[PDB]
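Visitor: So you can see what is in the structure, the chains are spelled out below.
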Amino acid sequence: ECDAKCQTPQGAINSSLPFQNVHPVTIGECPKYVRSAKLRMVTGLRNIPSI
Amino acid sequence: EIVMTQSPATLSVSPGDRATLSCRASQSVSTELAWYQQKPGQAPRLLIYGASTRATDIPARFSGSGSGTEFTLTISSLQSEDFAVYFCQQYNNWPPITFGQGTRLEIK
Amino acid sequence: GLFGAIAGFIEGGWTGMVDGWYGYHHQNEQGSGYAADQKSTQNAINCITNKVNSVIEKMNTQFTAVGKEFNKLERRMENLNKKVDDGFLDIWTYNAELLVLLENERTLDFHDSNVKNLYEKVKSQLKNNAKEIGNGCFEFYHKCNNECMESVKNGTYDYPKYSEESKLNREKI
Amino acid sequence: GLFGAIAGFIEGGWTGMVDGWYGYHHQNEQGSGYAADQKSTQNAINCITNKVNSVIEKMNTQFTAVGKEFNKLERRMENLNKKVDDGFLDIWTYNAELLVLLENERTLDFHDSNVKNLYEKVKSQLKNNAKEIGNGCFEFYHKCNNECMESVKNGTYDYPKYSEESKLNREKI
Amino acid sequence: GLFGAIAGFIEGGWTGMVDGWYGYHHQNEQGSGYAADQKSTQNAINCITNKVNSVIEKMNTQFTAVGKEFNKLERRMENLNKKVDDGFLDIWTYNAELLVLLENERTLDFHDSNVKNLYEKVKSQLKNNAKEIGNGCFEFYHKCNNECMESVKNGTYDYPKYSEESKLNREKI
Amino acid sequence: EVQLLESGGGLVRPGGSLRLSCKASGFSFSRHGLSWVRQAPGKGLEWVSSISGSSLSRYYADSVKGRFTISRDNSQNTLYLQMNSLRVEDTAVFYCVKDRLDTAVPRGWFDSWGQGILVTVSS
Amino acid sequence: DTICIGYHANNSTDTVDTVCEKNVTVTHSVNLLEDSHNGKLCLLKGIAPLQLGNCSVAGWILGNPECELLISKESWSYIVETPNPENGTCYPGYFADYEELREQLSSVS
Ligand SMILES: *[C@@H]1O[C@H](CO)[C@@H](O[C@@H]2O[C@H](CO)[C@@H](O[C@@H]3O[C@H](CO)[C@@H](O)[C@H](O)[C@@H]3O)[C@H](O)[C@H]2NC(C)=O)[C@H](O)[C@H]1NC(C)=O
Ligand SMILES: *[C@@H]1O[C@H](CO)[C@@H](O[C@@H]2O[C@H](CO)[C@@H](O[C@@H]3O[C@H](CO)[C@@H](O)[C@H](O)[C@@H]3O)[C@H](O)[C@H]2NC(C)=O)[C@H](O)[C@H]1NC(C)=O
Ligand SMILES: *[C@@H]1O[C@H](CO)[C@@H](O[C@@H]2O[C@H](CO)[C@@H](O[C@@H]3O[C@H](CO)[C@@H](O)[C@H](O)[C@@H]3O)[C@H](O)[C@H]2NC(C)=O)[C@H](O)[C@H]1NC(C)=O
Ligand SMILES: *[C@@H]1O[C@H](CO)[C@@H](O)[C@H](O)[C@H]1NC(C)=O
Ligand SMILES: *[C@@H]1O[C@H](CO)[C@@H](O)[C@H](O)[C@H]1NC(C)=O
Ligand SMILES: *[C@@H]1O[C@H](CO)[C@@H](O)[C@H](O)[C@H]1NC(C)=O
Ligand SMILES: *[C@@H]1O[C@H](CO)[C@@H](O)[C@H](O)[C@H]1NC(C)=O
Ligand SMILES: *[C@@H]1O[C@H](CO)[C@@H](O)[C@H](O)[C@H]1NC(C)=O
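These protein sequence lines map, in sequence, to chains A, B, C, D, E, F and G. Following PDB author numbering, the numbering of the first sequence begins with 276 at its first residue and continues without gaps. Those letters in the second sequence? Residues 1 to 95, 95A, 96 to 107, by PDB author numbering. Following PDB author numbering, the numbering of the third sequence begins with 1 at its first residue and continues without gaps. Following PDB author numbering, the numbering of the fourth sequence begins with 1 at its first residue and continues without gaps. Following PDB author numbering, the numbering of the fifth sequence begins with 1 at its first residue and continues without gaps. Those letters in the sixth sequence? Residues 1 to 52, 52A, 53 to 82, 82A to 82C, 83 to 100, 100A to 100F, 101 to 113, by PDB author numbering. Those letters in the seventh sequence? Residues 11 to 54, 54A, 55 to 82, 82A, 83 to 92, 92A, 93 to 116, by PDB author numbering.
What the hints contain is simulated information worked out from the structure, not anything from laboratory work. Think of the CB as a built atom: it goes at the ideal place given N, C-alpha and C, for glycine as much as any other residue. It is possible that some hints are incorrect.
Pairwise CB distance ranges (calculated) [to be verified]: (1) E:142 with D:55: 53 to 61 Å; (2) G:98 with C:61: 42 to 50 Å; (3) E:116 with B:58: 44 to 52 Å; (4) C:61 with G:88: 21 to 29 Å.
Can you make the complete structure from the sequences, with help from the hints?
Guide: Here it is, written out as structure tokens:
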């Protein structure tokens, strides 16, 4: 027993991210299925501490 | 100016053991700090610049660790060569430079 | 060489400074330290974050059903349902992925351009009272204390006040 | 402050000029007023319009049907019809919106860059015969009548003809 | 005029050089001809190609079925199948097209910017020992042999070694 | 390898002047700085002066501020230590140290150290 | 007397992918893809969903002698089955319009 935004045959997901790659079957208001493995954007600069 | 000090001063340890002596620091001086060797007879050399990395052609038995005010030095193993006088330097604020008072290690 | 891939005018960057994204390292008598350009970071954090917020918030949501069940005499429905579901799956992968690769260059180019224009600002503020030592580091011919140094961080600087001091520099050379 | 976010090198702009998008404010003895750079505006209106035309004209159109009707014993079809219709509805909201949000910055940056390169053109045309008065305004040390001034608007300018005049300026200073 | 629309700072380009995309035309005594900037060409081919590779490689593929058949008493299926198939067809036309139209300007601007920054690099390497002859062509006041000229192609250049030679130039003028 | 040479030590009475020449070789002197450190007998090192490239940045320790002067020559790749008004507590060795770089940031740590030379005083 | 230009850069192992390059390390980053699941179903729309124990919808609706533990579970949000529901309908036969019944009974108050 808990609270879940949507379900999934394996379980449930959290947060309000716009994509997920855990299962193409869902129950509720939660995002589309994506075959990709990982994808992120950046906010800061390239991390180059020293040469 | 930025005042720095080391303590205790005199310590004798059996070779091959572990002996660490930390030098305090006013303000924070971030991670910017240098530690110098001085064997009896010749000029000082450099060991650790930035408190994280060794210099060129330096035995790796030393260890540069610490952040902010709490700055420490530790040596994995001690040989008869390591018995020298140690200086720790800060260079975050660099109109002046201030060294420590030196800590001497000896045996027999 | 990755550093050669960008071929930027600035080196890898610093780590001691913590209170900003773009800043300066003012050196002078009795005054060394780091600094941060509070005008640039706040006006650069917001736009980049809003790009992330725009991507996240525009994923509108509605209740959705799972692929239903069909008996063995109605296989046409099952494959039609697979075709539509796979069509959306293939669409979103390409659409989502190509967005975060095309817009990752946009934010990375934004950061590179932010350094350049800020670097140009100090150049134009004072021109003859400085020497191009190297990679984005000037050298003041005159003497300039902390109150003077803040003029560079401000938008204020009195050239004629220090131009006559540059005449003394002409004497040295 | 919105003006602080852009941090542009030019002020809010003028309203007197009407015959262009980028222009000048030539002033001289027996001459004043505004102008317009017919070269830049014509090459700026076309590309921006074609970007709008490209967005509008590429919406291919074809006859479409409404969501059909189903009886109570064929509910499975109705939800499948809803799933496919809602899938396209969700796609177009995100696709269309992120297009006009990402391509609005492209045009805003384009307009800002147009001012800069046009500014850069007049700086390089004459270098020592001008003073950086401030925000994109120069001051001619020499006298320059309207015929001379049009040289700035042209791509033509004779430096040696006026370089000797700048020697008189060297005498002034 | 197409060249007027772009209004680039460089002319149409050359055809003699073949071993690169950006280069130089060092001319001097006992030497002449073209050259190539191996630092930039390999650094520009990769990113542009990876943009094409990213577009092509992201087209994930899977087994697909054709539009099935239906008898005259199940026409609702046929139109539903047409609606979903036509929906994807309309999506991919606009999605694919606007990608290669928006990203064709990105690569075109990239090439234009690559020329400028490389052009800017030679200017900053030596400043007073050169005259702005015209469209991206400088003139060395001093004499510069082939060994000297490679300094421009390198990042290395000893200004004070030749600054005293520029004093001889001051004598000529 | 990098080697430095020093000269000019000896005995100087109070009120005199002394010049210590510090030659540099094995590294680009034009793009690197230099500095000086002083060690009294039995006590720790006390930095005195550091000068960056092209003789445009000069700093002095507060102890001797306003009475020391430093200059550099690129052609002869050597550094000088001009000074006057000798003290009685100034009997100390004077070493040569190489600044990291001019255009870099984090600056202050010394890599190469010369032997130095001895300067004394007498009544 | 120098002033220099730089940008903040702290220690971080975060990696991002772009078009000019790949596997580049950056300071701060935000993801969109979630790949973590709790591993247990939960009460979703404020109402506990029913759990079928070794039973199917047809078997339980018709009132099999088994599946008697799920009579006081009236309101729900969805129905959870077993991958191979065994105790379905005892007397064999062909349950007309099976699929439509499941969809209609998928949600009730
Ligand atoms: C750059 O911007 C800063 C802040 O935006 C300015 O700081 C302010 O400068 C004024 C005058 O330069 C200071 O006023 C002074 O206060 C002292 C107090 O004893 C007084 O004795 C002086 O006669 C004068 O009135 C003001 O305190 C200072 N603000 C602070 C310290 O918070 C600065 O002036 C701008 N310009 C430059 C060149 O830095
Ligand atoms: C800048 O561009 C403008 C237009 O593109 C040029 O204007 C033209 O300039 C020429 C000579 O400068 C003018 O010819 C002159 O005509 C008068 C007529 O009395 C004659 O007396 C002169 O001897 C000379 O032949 C021409 O009329 C003028 N075009 C017009 C007014 O429509 C201009 O020359 C370019 N250069 C500069 C520095 O402005
Ligand atoms: C620019 O870059 C090029 C290549 O990256 C450098 O070329 C190399 O330059 C050095 C010295 O300038 C050459 O060494 C010389 O070799 C001759 C052989 O007879 C010797 O007599 C000299 O005393 C000196 O040791 C080296 O050969 C040359 N590399 C080649 C030809 O492949 C160049 O030095 C850099 N700088 C400039 C200003 O071009
Ligand atoms: C889900 O996320 C919320 C915060 O959004 C958090 O409070 C909650 O503990 C998370 N649930 C689990 C199971 O981690
Ligand atoms: C940098 O390293 C320290 C030392 O372990 C660590 O505490 C810190 O979290 C690291 N930085 C970040 C951003 O995690
Ligand atoms: C990225 O580079 C690091 C460092 O070489 C390596 O450990 C890691 O496996 C690389 N990851 C990918 C996806 O290439
Ligand atoms: C349900 O089925 C599983 C697997 O066949 C079995 O282990 C379990 O005992 C069954 N429970 C009941 C109540 O029939
Ligand atoms: C229920 O299923 C079990 C196997 O899981 C079977 O042995 C038993 O006979 C079934 N009984 C009923 C009433 O369905």
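Visitor: Give a verdict on every hint.
Guide: These are the hints, each one checked on the structure:
1. E:142 with D:55: 53 to 61 Å: holds, 55 Å
2. G:98 with C:61: 42 to 50 Å: Since residue 98 of chain G and residue 61 of chain C have Cβ atoms about 44 Å apart, the given range 42 to 50 Å holds.
3. E:116 with B:58: 44 to 52 Å: Roughly 45 Å apart at Cβ, these two residues keep to the hinted range, so it holds.
4. C:61 with G:88: 21 to 29 Å: Distance hint for residue 61 of chain C, residue 88 of chain G holds at roughly 23 Å.
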